[PDB]
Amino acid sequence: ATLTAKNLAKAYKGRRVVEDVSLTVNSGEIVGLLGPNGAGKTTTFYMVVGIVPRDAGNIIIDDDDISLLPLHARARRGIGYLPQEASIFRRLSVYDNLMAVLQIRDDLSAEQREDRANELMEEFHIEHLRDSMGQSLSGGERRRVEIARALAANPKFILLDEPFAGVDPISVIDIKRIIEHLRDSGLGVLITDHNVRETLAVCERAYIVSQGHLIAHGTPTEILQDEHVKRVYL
């Protein structure tokens, strides 16, 4: 499957934070959207997800323009989303966190939802934390729970907004592995970070954004030799 955003633009108080941004992610690849803080990465994700209204642009899947679909209908079309800020229910156990999102799986019985919850905990290596409250988890464990939550809906595409934010150096490795596992599973993965070199390593290719503009696209090696890129990090 192919997910495409075309000519996205968004302004707050007239200030252009995203201008003419176009990108694509396909099933079974990891695509980066990388750039400094305030560059417009989250705003772009919001427009793809349907969280904020666009001033301009189109969101499309295959031969289907879905720009007019609300967030809930876009999710049902297979777009999943991991927010930058914490999204875990802090007072709820890891298990209750998953069961809560699995309630949207109208295709499953109540007992198949529990099966799925157990499968997800095993897949994300959090099954030993079944009854731990979200509040008591490390950043790395929290993130594994939040990513599991995002997959409960069964998306074809997952937008990961700074999945490494707030996670210790060590837990970063398992998350990277899980992301690679998602891609191998056939999901299209789109991922943001301000740490270019750290996240670049996990992408097949990446768009670089600065002050609302797309300034380059390429593989990791291409990006790291790109004059327009260097020009931003002089």
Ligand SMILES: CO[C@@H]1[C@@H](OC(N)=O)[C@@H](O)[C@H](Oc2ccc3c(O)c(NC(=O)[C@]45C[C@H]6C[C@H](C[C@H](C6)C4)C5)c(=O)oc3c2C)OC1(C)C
Contents of the next structure:
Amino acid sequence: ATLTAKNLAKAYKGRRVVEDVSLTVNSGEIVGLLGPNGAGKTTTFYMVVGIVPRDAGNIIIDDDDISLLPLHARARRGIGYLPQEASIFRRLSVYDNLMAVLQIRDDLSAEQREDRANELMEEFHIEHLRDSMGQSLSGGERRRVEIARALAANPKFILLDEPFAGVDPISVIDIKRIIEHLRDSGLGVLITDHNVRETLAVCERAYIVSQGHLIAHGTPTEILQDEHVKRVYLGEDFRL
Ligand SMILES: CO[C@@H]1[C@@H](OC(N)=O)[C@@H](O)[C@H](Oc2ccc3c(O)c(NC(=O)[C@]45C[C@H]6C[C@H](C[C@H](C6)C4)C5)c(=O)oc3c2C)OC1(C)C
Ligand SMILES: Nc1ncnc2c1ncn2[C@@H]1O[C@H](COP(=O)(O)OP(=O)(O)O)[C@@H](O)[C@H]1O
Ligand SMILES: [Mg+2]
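Next block, the form solved in complex with this ligand, ref. the form solved without this ligand:
Now the full complex is given, and it begins with the chain already shown.
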């Protein structure tokens, strides 16, 4: 499949926080939306996922324009989303968190739902936390349950808003291998980050945003031909 956002634009109280941001993620790809803080990354995600409405632009998946469809409708069309902050249910166990979203899987019965729940706990290495409350999980364990909870909805595209935020240096390399696994499974992965040097390497293509505008895009090799981006990458310039 193909998820495409074309020239999105969003404004809050007269201030246009996102002028013109465009991106495209295909199945079997890891596309990045990189840029400094306050550039418009999260606002772009809310427009693609459908949390906040769009002022201008289009959100298209394959031959369907889903720009005026609410969140739940785009969720049933293949879009999965994970926030930057903690989105786990802290008062429920890991098993109860996965069975939560599996309750919307009408394509499965009560037996297959609990089957996939065990399949998702072995895949993300959280079998030893089946009955553990979400509050007792560390930063890295919380994310892997949060990601597996999104995968339980069986999406076509998974959108991670800075997934490496608030996790130990051993969990980032753990989530990075989880991302490369989802890509090989046919999903389209879309991640955001402010660290451009560390995240650009795993991106087949990336879209560099700055103050609501798109300053560069393409594969990392094509992006790192923009002199302004090379300076921030090599360390010659401070602000991107
Ligand atoms: C169909 O409904 C499903 C449920 O049913 C199933 N399986 O389908 C299930 O999926 C799940 O239900 C929930 C979801 C969330 C909570 C939850 O946030 C609680 N705790 C906190 O909010 C706090 C506790 C502390 C720590 C922080 C800040 C502050 C103080 C408040 C979190 C809570 O105690 O209970 C929840 C339950 C039962 O989500 C639903 C409602 C969509
Ligand atoms: N709900 C909101 N109301 C007002 N201003 C907002 C709102 N959400 C984001 N902004 C502003 O837009 C920019 C944030 O874009 P965000 O994409 O949320 O930053 P990042 O790109 O780090 O996610 C900042 O200027 C922030 O103050
Ligand atoms: Mg953000």
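Residues that one form lacks are left out of the comparison. Numbering follows the first chain given and starts at 1. Between two forms, the rigid core is the largest collection of C-alphas that superpose within 1.5 Å.
*Asks:* Using a rigid core alignment, state whether the CA of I223 is displaced by 2 Å or more between these two forms.
*Replies:* Comparing the forms between these two forms, which are aligned on their rigid core, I223 does shift its C-alpha by 2 Å or more.
*Asks:* When the rigid core is overlaid, by how much has the CA of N195 moved between these two forms, in Å to one decimal?
*Replies:* For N195, the alpha-carbon shift amounts to 1.3 Å.
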